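Quick setup: one chain, the form solved without ligand APR, written in structure tokens, and binding and motion questions come after.
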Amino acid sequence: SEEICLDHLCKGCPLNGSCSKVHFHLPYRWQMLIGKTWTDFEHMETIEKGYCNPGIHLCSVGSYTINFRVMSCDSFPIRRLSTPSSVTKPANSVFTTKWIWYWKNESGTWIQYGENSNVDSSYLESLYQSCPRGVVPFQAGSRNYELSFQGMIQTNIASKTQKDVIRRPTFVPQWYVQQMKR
């Protein structure tokens, strides 16, 4: 499995070294595929900070430049292992990943859904987890839209104007993870 174990981050995984999930000390794990082995980046917190910002799709870390849109780093492919999405576990699970959904506005910036849309990040993330190929109808002001997950775009159904939609996690630094473990 490609999922980071929540029990290992919290009170402890009873499956010890036989767990089917990844055991890492952070809720995220950035890796680069070299040959046939995924290899940990050194400065994961910096990569994560760049990734979580919706207006940042480039991250120069070390010698290599990372492109989040393509999820590659100097040609070589990369990946971000994560803990389960927060909407799939109770609220007590503090180490789950909280995903924010943004749409890019006319002025060029990213706006969180709900900040006015009748859907929010919890709504969209839940729908996406239960169906990743769905289309979500929603309303904002007097306008109506369809949000396509598989295309990750919102479309006004009247004008057919399209706008980009992005899904990114909230950032947590390692020291705050330590605090959470206390």
Given for the second form:
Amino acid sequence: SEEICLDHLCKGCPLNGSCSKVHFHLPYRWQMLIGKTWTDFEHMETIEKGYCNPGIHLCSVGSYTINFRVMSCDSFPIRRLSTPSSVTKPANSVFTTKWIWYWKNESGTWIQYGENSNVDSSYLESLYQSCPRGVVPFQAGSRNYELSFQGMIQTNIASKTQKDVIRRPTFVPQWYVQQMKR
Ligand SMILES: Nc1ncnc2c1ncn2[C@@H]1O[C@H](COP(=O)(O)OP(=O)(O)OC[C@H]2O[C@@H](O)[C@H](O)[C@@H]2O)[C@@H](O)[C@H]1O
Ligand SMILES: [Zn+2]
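Swap state to the form deposited with ligand APR bound from the form solved without ligand APR:
What follows is the whole complex; the chain from before opens it.
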């Protein structure tokens, strides 16, 4: 499994070293692939802070230049392990990952769904979890759209205009993860 263990972050994982899940001190783990071994980056929090900004697809960390779109760096491929999505666990599970869904508007900027769309980030995330190849119809004002997960785009069904859609976590710094563990 590539899923960061929630129990290890909170009160503790009873499975100890035999847990099938990943045990890490953060709810995210950023890694590069060198040979046949995934290797931890050094400045995970800086990378995560860049990832969680939807208007940022480039992140220079160390000598590395990271491209989030492609999930590679220099030439090497990267990945972000994660706790489960927050819609998959009760609200008590404070270490779940909260995924925000955004669309890019006329004026070039990223607007959160719900901020007006009749779908919000929890809606879309829930559908995306229960069906990642889905197409979500929705309405905004008097206009009607379809959001294609597998394409990560929204299309106005009348004019067929397309707009990008992006899914990124909310950021938590390590100091706040430590506060949550108190
Ligand atoms: N998911 C959304 N949620 C809220 N508002 C949205 C969303 N997506 C687009 N909009 C906004 O609603 C308006 C509609 O834009 P689009 O539906 O993306 O595309 P389009 O219908 O081609 O643009 C409208 C224009 O096209 C012409 O047919 C007509 O003259 C109209 O002025 C724009 O202001 C756009 O920024
Ligand atoms: Zn565990």
